[PDB]
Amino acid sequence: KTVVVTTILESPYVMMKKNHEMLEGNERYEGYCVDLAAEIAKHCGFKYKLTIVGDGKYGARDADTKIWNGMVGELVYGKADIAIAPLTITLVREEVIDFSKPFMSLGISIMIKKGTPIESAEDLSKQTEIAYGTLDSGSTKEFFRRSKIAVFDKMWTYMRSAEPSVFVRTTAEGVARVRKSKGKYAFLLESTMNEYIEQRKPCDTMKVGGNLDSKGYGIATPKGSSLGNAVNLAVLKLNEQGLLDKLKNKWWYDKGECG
């Protein structure tokens, strides 16, 4: 049957095309993950339908109810067959779903407004004049909440106690906060998003310092799914063919607006 793909709108991975109202089906969407879903399906020989996760989440388990939300939840509970999105490969997700080998590398990174006198996480951690935070859901927040590393633990303590709230709900909100805060907000976000934004007008942000960790995004399937093996081999094939690098250049750099 048609494979149900769950994904989520996030630039430049999945976006509704400007003229989407005139299109149908999968053709309504564009972006890195859209292109990737099409290549994976072509290599594994299946038809598929892109659907957008209802709750707008990636995947976390409620501590009380023990229910998985997000795209991971759609897989775990049988609502979707595959998740193709900037879904960070984490231990807690790997315990309940199957992940491909990573299709893209990333790490938590610092986005500043140009001119901000910050060069590293340790720099942020030692001060408060420049506020800093993360998405209020997702693997970045969890990284900090869970870290036993001294600098990241101090940052997490800072972020929980800082007022007003340093958390944002969306990547767009975080970028807007950076751009509007006159150098007094720094956003901690995945390096991929950071790099994407740095290439976009008004060219007033930049990624600074090293990344805080290293990890990858993977394609996820329900545990035991017969699709898993084929999609993993497809990811490795596409990587080896240079197609993943091509897609990254297409969506991040090829039409870069900032020099």
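Residue numbers count along the first chain shown, from 1. In this text, the rigid core denotes the largest set of C-alpha atoms whose superposition between the two forms falls within 1.5 Å. Compared with the form deposited in another entry:
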Given for the second form:
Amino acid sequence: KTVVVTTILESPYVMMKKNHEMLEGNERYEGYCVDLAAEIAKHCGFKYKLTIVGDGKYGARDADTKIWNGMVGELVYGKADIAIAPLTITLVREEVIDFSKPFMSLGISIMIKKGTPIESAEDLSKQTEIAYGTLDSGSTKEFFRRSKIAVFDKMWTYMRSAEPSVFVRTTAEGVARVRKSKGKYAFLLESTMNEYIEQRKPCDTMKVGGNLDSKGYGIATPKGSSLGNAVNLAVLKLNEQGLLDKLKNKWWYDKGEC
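Can you swap the form deposited in one PDB entry for the form deposited in another entry?
Next up is only this chain, free of partner chains and other molecules.
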């Protein structure tokens, strides 16, 4: 009866409340996706339980086991009823799970420590001094690996065989690496996260150039799930009423520190 929602601890989408240890259930969490989940559930008429994905991953199929990990895996193997998180709609995922229309629009972007002499993906691909990588088990990494576009293919060829590994387990790891490499490391991540970090202390990173592509986040459900239709219509309704724009302003800029 109670809908099991899988999500991920990724600021500002889902974060632990400062006093979480003294709270119970859903009240332990706060953020863009926590607010969105409450709204979706209310408009669809269901009770739910927020659960943090076990492996803390978004979702990718292991090439040798062919088993899906992350929130995608939670949906595919029946551990969760729905995923409400900054989960990117992609072809490989849409083949195994359903997605509502996008509740957020974004694109792969470049994050640099302020002062880094880099203004585009082309700038990165033509140099070697500054290292650059992406998030593991994410859609950005999958994008580069499967891209036939000149500049991106070249970037992927470098990243896949760069040593030490230029990939990170979480965005927080990528951000920290950018901040500590004194401009010698650039991080490729979605514009949404890039823009968020750019508004947080110590205000030493920035998004440079335009986005490399265009995509969106969607609320996901198991393939053929009955919840799918209601959830999709709810997302459209909430977007048309400006709720999503309000949540973005609330968590990104109203609370900005820079």
